[PDB]
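Notes for the one structure printed next.
We show some of the complex, not the whole, and keep each chain where it was.
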Amino acid sequence: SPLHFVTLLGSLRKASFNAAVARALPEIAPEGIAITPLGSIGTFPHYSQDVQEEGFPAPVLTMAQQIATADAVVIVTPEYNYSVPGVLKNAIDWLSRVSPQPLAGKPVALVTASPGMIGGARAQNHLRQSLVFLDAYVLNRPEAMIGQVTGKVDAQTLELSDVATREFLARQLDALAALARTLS
Amino acid sequence: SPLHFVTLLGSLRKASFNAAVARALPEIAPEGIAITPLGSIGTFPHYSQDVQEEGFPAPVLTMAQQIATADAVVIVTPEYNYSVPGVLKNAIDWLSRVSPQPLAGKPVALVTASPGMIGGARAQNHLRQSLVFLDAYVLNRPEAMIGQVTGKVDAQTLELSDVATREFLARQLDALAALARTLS
């Protein structure tokens, strides 16, 4: 029984280090697991109940259904101002309003990449808190906070080059897989 | 010593209860305090370093300047998914990248309104964490979590009518003024 994971990306910039990490996941994916990226969160309008009343934005409904059929979600995001990027939270806000809400019962792993050293622990904390409210099953272990990322992805070639980082992400995907199969 | 406060609104919908509360603040304001609304957070694009490199969106600079010259800020916002609305966080994210950063040293009070009963305590917690990182001085007391907001503003007429709520908010404004004058 092959697993299907989808990735949600929390940064919009082209040279995003988190995007590099996200793009690496399908090549890193251990046997039995296929991984594909979701559409951009940049296509969502700002959440507004008035907009919702008129109808859900198409990219929102598309993403929700993509999450619904997936075996798990991997969220890869930077940390802004000791919390989750507003753009990413905005995507979560829209998704949370869909019926049925696609994150309920969904296995989720969190990954954060940062040039520094804390590696996004606070964004992950806040993100987990929302995901508990949405009844998601967020992987406890191993925690994926990737520090000093600037020297772990190669400039010009966009790709995550750190071999140690790649192996770590593979172990996290395996644990996420185990969680998904346990909950099924 | 006359103070000028500005208000930041965390909801975009026309019938927003938090908008109703924000509009009451300038009439409610104790003497010696004038209060004006900031522009809408809905005019901001999603944060992206690429957009920033090209130049700060005009509404971002306008808001940063109004905050810089104000003596204090009142943030009035709902709670989405046990945290701050993505849209509001996105505005904070944009403001945080301005030089000089307008919230540094700024006295701030938080107000949350909810139809529910917790009344937005969780959004205020996460907001406070971000504001500390941005070196703002956020009012400790009194805390303003307005629950059961449905019966405190009259529908059709948009306005906050509950006299006890008004009197409480005036008193929070007093504490904010006192905090501002202490730090000056």
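Order of writing sets the labels: A and B. Residues in every chain begin at 1.
The rule we apply is simple: a residue touches a chain if its C-beta (ideal position, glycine included) is under 8 Å from a C-beta of that chain, and two chains touch if they have at least 3 such contacts.
Whole-complex tally (this structure file, single sequence, 2 chains shown): 8 copies.
Following the convention adopted for this analysis, only the chains that are shown with their structure count from here on.
Here the CA centre of subunit A is 29 Å from the CA centre of subunit B.
Against subunit A, the residues of subunit B that register as touching in their complex are 12-14, 41-42, 46-50, 80-93, 96, 122, 126, 129-130, 132-134.
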